[PDB]
Amino acid sequence: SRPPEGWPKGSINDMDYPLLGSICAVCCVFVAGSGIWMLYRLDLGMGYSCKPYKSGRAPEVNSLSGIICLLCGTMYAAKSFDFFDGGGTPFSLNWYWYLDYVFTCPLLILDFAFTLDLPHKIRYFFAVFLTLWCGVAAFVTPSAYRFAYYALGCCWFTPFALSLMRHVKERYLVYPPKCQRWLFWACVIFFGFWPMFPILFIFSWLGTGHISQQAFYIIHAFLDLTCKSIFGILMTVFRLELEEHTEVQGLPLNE
Amino acid sequence: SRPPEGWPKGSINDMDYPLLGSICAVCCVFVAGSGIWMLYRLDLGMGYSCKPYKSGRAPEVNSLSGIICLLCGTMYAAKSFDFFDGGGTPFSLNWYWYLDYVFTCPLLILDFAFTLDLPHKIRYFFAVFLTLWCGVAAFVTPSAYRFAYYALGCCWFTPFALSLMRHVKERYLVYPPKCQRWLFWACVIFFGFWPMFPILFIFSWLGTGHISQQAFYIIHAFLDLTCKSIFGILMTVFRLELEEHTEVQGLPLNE
Amino acid sequence: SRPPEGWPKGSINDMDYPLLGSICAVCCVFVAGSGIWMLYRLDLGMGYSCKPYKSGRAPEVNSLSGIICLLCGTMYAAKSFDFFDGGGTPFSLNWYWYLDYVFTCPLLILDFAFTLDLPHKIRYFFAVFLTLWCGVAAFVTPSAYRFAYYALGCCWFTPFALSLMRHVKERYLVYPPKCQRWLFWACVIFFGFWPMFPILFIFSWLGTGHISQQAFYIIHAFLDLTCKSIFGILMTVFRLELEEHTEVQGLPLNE
Ligand SMILES: *C/C=C(C)/C=C/C=C(C)/C=C/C1=C(C)CCCC1(C)C
Ligand SMILES: *C/C=C(C)/C=C/C=C(C)/C=C/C1=C(C)CCCC1(C)C
Ligand SMILES: *C/C=C(C)/C=C/C=C(C)/C=C/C1=C(C)CCCC1(C)C
Numbered sequence: 206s207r208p209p210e211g212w213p214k215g216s217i218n219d220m221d222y223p224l225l226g227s228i229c230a231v232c233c234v235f236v237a238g239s240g241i242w243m244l245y246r247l248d249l250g251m252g253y254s255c256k257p258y259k260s261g262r263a264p265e266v267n268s269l270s271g272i273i274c275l276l277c278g279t280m281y282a283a284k285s286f287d288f289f290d291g292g293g294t295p296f297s298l299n300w301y302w303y304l305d306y307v308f309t310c311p312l313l314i315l316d317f318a319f320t321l322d323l324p325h326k327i328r329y330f331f332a333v334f335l336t337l338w339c340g341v342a343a344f345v346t347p348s349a350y351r352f353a354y355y356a357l358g359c360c361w362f363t364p365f366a367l368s369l370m371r372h373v374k375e376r377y378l379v380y381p382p383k384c385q386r387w388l389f390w391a392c393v394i395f396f397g398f399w400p401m402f403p404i405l406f407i408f409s410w411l412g413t414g415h416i417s418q419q420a421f422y423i424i425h426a427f428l429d430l431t432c433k434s435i436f437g438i439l440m441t442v443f444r445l446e447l448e449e450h451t452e453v454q455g456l457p458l459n460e
Numbered sequence: 206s207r208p209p210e211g212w213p214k215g216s217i218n219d220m221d222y223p224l225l226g227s228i229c230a231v232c233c234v235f236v237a238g239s240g241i242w243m244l245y246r247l248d249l250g251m252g253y254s255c256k257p258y259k260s261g262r263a264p265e266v267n268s269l270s271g272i273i274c275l276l277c278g279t280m281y282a283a284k285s286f287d288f289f290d291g292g293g294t295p296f297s298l299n300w301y302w303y304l305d306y307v308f309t310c311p312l313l314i315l316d317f318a319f320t321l322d323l324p325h326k327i328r329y330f331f332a333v334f335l336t337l338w339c340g341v342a343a344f345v346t347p348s349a350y351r352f353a354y355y356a357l358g359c360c361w362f363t364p365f366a367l368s369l370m371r372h373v374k375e376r377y378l379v380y381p382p383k384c385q386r387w388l389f390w391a392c393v394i395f396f397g398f399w400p401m402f403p404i405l406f407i408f409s410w411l412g413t414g415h416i417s418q419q420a421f422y423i424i425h426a427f428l429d430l431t432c433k434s435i436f437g438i439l440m441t442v443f444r445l446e447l448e449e450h451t452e453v454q455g456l457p458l459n460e
Numbered sequence: 206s207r208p209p210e211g212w213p214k215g216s217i218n219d220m221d222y223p224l225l226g227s228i229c230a231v232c233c234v235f236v237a238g239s240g241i242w243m244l245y246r247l248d249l250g251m252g253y254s255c256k257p258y259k260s261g262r263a264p265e266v267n268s269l270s271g272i273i274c275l276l277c278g279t280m281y282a283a284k285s286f287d288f289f290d291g292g293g294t295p296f297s298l299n300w301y302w303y304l305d306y307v308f309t310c311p312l313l314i315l316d317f318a319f320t321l322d323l324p325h326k327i328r329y330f331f332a333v334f335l336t337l338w339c340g341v342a343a344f345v346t347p348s349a350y351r352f353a354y355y356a357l358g359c360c361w362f363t364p365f366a367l368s369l370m371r372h373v374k375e376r377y378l379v380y381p382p383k384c385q386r387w388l389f390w391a392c393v394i395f396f397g398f399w400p401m402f403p404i405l406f407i408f409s410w411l412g413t414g415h416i417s418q419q420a421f422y423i424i425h426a427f428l429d430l431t432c433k434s435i436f437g438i439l440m441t442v443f444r445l446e447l448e449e450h451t452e453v454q455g456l457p458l459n460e
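Residue numbers (the working numbering), protein chains in the order written: chain A, 206 to 460; chain B, 206 to 460; chain C, 206 to 460.
Just so you know, these hints were derived from the structure itself, not from any lab. We treat Cβ as the ideally placed atom computed from N, Cα and C, and that holds for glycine. Be aware that a few hints might be false.
To be verified - Cβ-Cβ distance ranges computed for the label pairs, FRET-style:
no.	chain 1	residue 1	chain 2	residue 2	range
1	C	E375	B	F427	51 to 59 Å
2	A	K214	C	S348	17 to 25 Å
3	C	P209	B	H415	27 to 35 Å
4	C	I404	A	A230	26 to 34 Å
5	C	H415	B	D322	49 to 57 Å
6	C	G238	A	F427	52 to 60 Å
7	C	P209	B	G238	45 to 53 Å
8	B	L378	C	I404	53 to 61 Å
Unchecked claim - The list that follows gives simulated cross-link-like pairs (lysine to any residue, SDA-like), each with its CA atoms no further than 25 Å apart:
no.	chain 1	residue 1	chain 2	residue 2
9	B	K374	C	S260
10	A	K259	A	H450
11	B	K383	B	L249
12	B	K259	A	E460
13	C	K259	B	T451
14	B	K326	C	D248
15	C	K374	C	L456
16	B	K256	B	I438
17	A	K259	C	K326
18	B	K326	A	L312
19	A	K374	A	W361
20	A	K326	C	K326
Put together the whole structure using the sequences plus the hints.
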């Protein structure tokens with residue numbers, strides 16, 4: 206991909222590769238670290254009290270928050286190696302925008318859906334999956350059909366966002382107030398930050414032209430830290446509060 | 206992919222791109238529309254009587270018919286954008302024949318297998334998956350090993366077709382006559398149309414040479430409409446008849 | 206991929222393609238054959254006595270050993286067609302080292318994990334998946350970041366190997382001595398041979414330079430025969446011994 210004489214001067218690929226490499230490297234360590242904390246604490250037991258799991262194992266699906274973090278962090282390690290190697294390398298996760306997200310965003314929606322017991326888990330998964338594929342297509346397409354792909358993207362996303370809103374709202378009163386606190390912050394992230402991604406696309410170098418490819422890399426690093434690690438920690442703490450109420454103390458869910 | 210001077214005149218890629226774009230666009234709307242009807246009716250309740258689901262949710266796997274339709278329709282939107290953009294675009298679902306089917310055909314077999322309660326669901330899934338990958342390989346390979354890939358394809362498909370025949374036949378008498386009617390039409394499609402795909406490959410421009418790449422695109426649009434939408438509607442109506450008998454009226458399956 | 210004038214003389218791709226084709230072809234037949242035996246015997250019933258399954262079906266997950274074999278054998282058929290066609294063909298499973306393993310190795314770990322009832326099945330799956338992706342990246346990367354990808358690979362693999370060791374050791378005394386015999390050989394393969402793959406990478410033409418690309422193809426054919434077929438047969442016989450004890454004879458697991 207990289208011209209043997211380096212990227213052209215005025216090229217969108219004429220970036221500060223050392224800085225980009227560095228930023229991915231730190232993001233790699235914090236996101237992966239958060240995942241290790243998540244799996245560790247999950248194994249410790251149920252609730253803050255750390256009541257022993259009857260089976261001696263946590264439920265399989267509780268592992269998704271941590272796994273998503275370890276997977277996102279591993280991709281940030283790859284992304285770093287590409288930047289430090291100057292970009293345009295044979296195995297570049299920095300070349301096809303959104304391809305990495307095809308793997309992590311559908312897992313995030315499942316994690317949220319198992320944690321709250323939302324209906325229509327298969328639908329939510331495919332809604333998210335198709336949305337990210339439209340993004341990928343949108344980014345590689347140089348014609349105006351760029352915006353045909355983007356719109357097709359928005360067609361999937363909008364009914365997904367509104368459906369999820371209604372479903373979370375229905376379950377938000379089932380949980381006790383202590384649980385309700387963590388659920389609030391996770392909703393802020395989901396409904397605050399997920400819309401940021403398509404709004405950013407419009408102002409990028411592929412739309413209006415306000416945001417450079419370099420700034421775009423740095424911004425997605427902050428967004429990935431928030432949408433994976435912090436969200437992950439919020440799901441973990443939400444599940445600890447929930448277990449303390451229902452399992453350690455034996456109380457019942459409003460429902 | 207597209208030469209800057211357009212496709213050569215005698216080229217297999219010298220096609221009526223406006224017509225192809227148009228045809229994919231209509232197929233996109235009908236297939237996606239059918240899927241929306243499928244998920245809507247599923248949510249309404251069990252049977253024609255629309256008896257409330259006890260849990261308040263349909264079973265997850267009942268969503269596959271509709272999902273398959275929404276996924277196939279979304280790919281027909283992509284295929285349209287590629288044709289209208291003249292073909293050979295960076296994100297072309299019209300370039301690698303059969304790649305799209307790698308995602309939808311294994312889902313169709315699961316849908317049919319959950320609906321009838323066939324054995325060996327994991328086997329059926331991988332049988333179908335491998336068959337379509339052989340097709341993909343067959344299409345990109347320009348040598349005579351084209352027919353080595355095709356044969357390897359047929360090796361997977363033939364024992365799958367015969368195994369399924371036997372398994373459907375065993376379950377066809379379990380169901381009441383009203384159900385038996387819909388099951389018949391779905392079998393016609395599965396055993397009539399699925400064989401059409403490999404028979405078409407032989408007469409294509411990659412075999413004998415009777416069918417042009419353009420005609421081939423138009424024919425697969427009709428086959429996708431039949432194998433996804435109509436099949437989908439037949440599964441839906443079959444499940445409505447079945448639920449009316451077993452759930453609303455409480456009758457028992459012959460079995 | 207292949208220069209129209211053939212591969213250069215001193216090229217790593219100047220190989221004995223007839224011999225390579227031949228070797229893949231035999232490996233294809235034995236691995237696929239073993240899989241057919243595996244599914245056949247599974248269908249026969251529970252234990253050596255072949256006690257009828259109550260449901261009339263084997264459990265779905267017992268099919269994985271055979272499926273993995275049929276999938277690996279099918280890829281060896283593809284690999285053969287590529288070698289006989291001289292290499293560098295459009296659908297070459299011989300071009301991107303380790304890509305094929307991305308599909309089979311995570312399935313092997315699930316098969317082993319369902320058979321022994323190991324905890325953390327989702328974690329084990331993703332540990333293996335990410336490791337093989339690091340291999341793929343390592344192989345295509347020509348820079349020294351080759352060894353950054355390899356190390357990242359080893360970061361996933363090492364905690365996986367040690368975790369599995371501890372978990373198998375905990376379950377190895379649950380099973381009766383007759384079962385314990387087969388479990389021993391399967392552990393030899395898993396802990397003997399899986400480490401062979403990264404040790405080979407170091408001595409290859411991409412590391413020190415002791416092992417040629419040709420020898421490397423032949424060695425992986427022997428390793429795939431051992432890690433898929435023989436392992437597969439060991440899992441099958443282990444499950445037959447186990448069922449004879451617990452199901453046919455009704456005895457209890459130490460646990
Ligand atoms: C961890 C990364 C996350 C949560 C990413 C989410 C990304 C989106 C919600 C992206 C949405 C898009 C559209 C709605 C349409 C156009 C293309 C996208 C991918 C930017
Ligand atoms: C919705 C699309 C469907 C149901 C497609 C099915 C396609 C096949 C059954 C194709 C079969 C093939 C072979 C049996 C061998 C050669 C290659 C194929 C893919 C044409
Ligand atoms: C059937 C094939 C099997 C069991 C292959 C297993 C392969 C590995 C365990 C490979 C391991 C690697 C590393 C630990 C790091 C570097 C890259 C690999 C893929 C060679």
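Status of the hints after comparison with the structure:
{"no.": "1", "hint": "C:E375 with B:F427: 51 to 59 Å", "verdict": "holds (58 Å)"}
{"no.": "2", "hint": "A:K214 with C:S348: 17 to 25 Å", "verdict": "holds (23 Å)"}
{"no.": "3", "hint": "C:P209 with B:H415: 27 to 35 Å", "verdict": "holds (31 Å)"}
{"no.": "4", "hint": "C:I404 with A:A230: 26 to 34 Å", "verdict": "holds (28 Å)"}
{"no.": "5", "hint": "C:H415 with B:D322: 49 to 57 Å", "verdict": "holds (55 Å)"}
{"no.": "6", "hint": "C:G238 with A:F427: 52 to 60 Å", "verdict": "holds (54 Å)"}
{"no.": "7", "hint": "C:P209 with B:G238: 45 to 53 Å", "verdict": "holds (49 Å)"}
{"no.": "8", "hint": "B:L378 with C:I404: 53 to 61 Å", "verdict": "holds (58 Å)"}
{"no.": "9", "hint": "B:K374 with C:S260", "verdict": "holds (18 Å)"}
{"no.": "10", "hint": "A:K259 with A:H450", "verdict": "holds (17 Å)"}
{"no.": "11", "hint": "B:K383 with B:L249", "verdict": "holds (21 Å)"}
{"no.": "12", "hint": "B:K259 with A:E460", "verdict": "holds (15 Å)"}
{"no.": "13", "hint": "C:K259 with B:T451", "verdict": "holds (23 Å)"}
{"no.": "14", "hint": "B:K326 with C:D248", "verdict": "holds (14 Å)"}
{"no.": "15", "hint": "C:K374 with C:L456", "verdict": "holds (22 Å)"}
{"no.": "16", "hint": "B:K256 with B:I438", "verdict": "holds (20 Å)"}
{"no.": "17", "hint": "A:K259 with C:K326", "verdict": "holds (18 Å)"}
{"no.": "18", "hint": "B:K326 with A:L312", "verdict": "holds (23 Å)"}
{"no.": "19", "hint": "A:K374 with A:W361", "verdict": "holds (20 Å)"}
{"no.": "20", "hint": "A:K326 with C:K326", "verdict": "holds (20 Å)"}
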